[PDB]
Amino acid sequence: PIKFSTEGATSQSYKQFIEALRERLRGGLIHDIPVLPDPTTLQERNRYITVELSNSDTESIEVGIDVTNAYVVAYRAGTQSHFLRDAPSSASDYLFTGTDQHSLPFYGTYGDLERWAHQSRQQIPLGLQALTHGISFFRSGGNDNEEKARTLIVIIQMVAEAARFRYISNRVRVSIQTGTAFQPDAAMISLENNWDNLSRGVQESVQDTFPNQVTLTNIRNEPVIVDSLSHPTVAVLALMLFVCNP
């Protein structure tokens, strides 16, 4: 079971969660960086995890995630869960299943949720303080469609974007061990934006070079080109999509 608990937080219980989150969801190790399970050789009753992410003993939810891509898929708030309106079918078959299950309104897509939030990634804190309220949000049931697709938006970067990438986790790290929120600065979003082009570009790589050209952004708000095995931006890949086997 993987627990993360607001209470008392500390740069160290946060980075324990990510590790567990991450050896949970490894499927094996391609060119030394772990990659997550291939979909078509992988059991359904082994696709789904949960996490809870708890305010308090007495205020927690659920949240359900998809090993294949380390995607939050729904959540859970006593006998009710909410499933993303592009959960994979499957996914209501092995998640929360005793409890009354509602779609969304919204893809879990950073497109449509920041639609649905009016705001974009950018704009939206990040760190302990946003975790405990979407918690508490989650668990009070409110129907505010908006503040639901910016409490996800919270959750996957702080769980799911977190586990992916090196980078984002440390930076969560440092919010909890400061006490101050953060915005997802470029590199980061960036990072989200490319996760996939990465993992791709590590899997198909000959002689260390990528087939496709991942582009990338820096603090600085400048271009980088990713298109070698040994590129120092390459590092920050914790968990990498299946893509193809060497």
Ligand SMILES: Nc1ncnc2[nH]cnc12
Second form
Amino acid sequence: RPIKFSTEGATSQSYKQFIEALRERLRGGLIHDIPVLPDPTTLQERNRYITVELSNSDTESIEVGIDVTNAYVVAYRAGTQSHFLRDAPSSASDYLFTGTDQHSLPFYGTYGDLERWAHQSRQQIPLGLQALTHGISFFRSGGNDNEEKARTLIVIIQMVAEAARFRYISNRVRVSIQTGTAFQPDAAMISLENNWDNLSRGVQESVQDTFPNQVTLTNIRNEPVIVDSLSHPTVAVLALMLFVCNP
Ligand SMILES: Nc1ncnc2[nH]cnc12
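Next up, the form deposited with the named molecule bound in place of the form solved without the named molecule?
Time for the whole complex; same chain goes first.
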């Protein structure tokens, strides 16, 4: 029962509905009124991995497998063949795409390794409906180009997983789809991606609404904004937290 998103005639609303469905499946609870992913140590492995279907048409689609403990993309599938990130958890292949031939990709799923293999940083790689359409077609074609494999995963990871995590990012992608205008992730988006764990930890370890360790983000105007409390307006950007601790 994959959660589905189609690029064909995609709209602001259809993308929003996709992210909302993904967020609702990923949610394991609320901490300080903010959704949090499940604690991996008490999660049953049969409940750990979910699939998203990304389609360009009724006859051109791929699937991506997601670890609900951290919203990580750990694998993708085209037809009878699947491909797992080098650092996919051992159990991922026991539950995802088990009726396929499962291959191991040569790169880790980290931005560091993906950017290394793509020979491009996140800042350089366009996001938006055309980028996603192009990536779906590339994975469905089965092309062996590892540079484009890494670039394509950078696109999918941000338009699916980072979008699920951050309201700022889902909205930015929604605008791209609405307007038909591709975009490069801005410094605010990059800083959110880079600080998800730190923000999740700040919220969940907060004492009287104040973070034990402060978090430095960058704002839409390339200015650095310090976040140290639950009341910081930038905290409203968190749609899903990584589980760190119960408060
Ligand atoms: N593979 C991945 N999936 C989701 N978020 C990520 N952030 C960095 N790598 C990621």
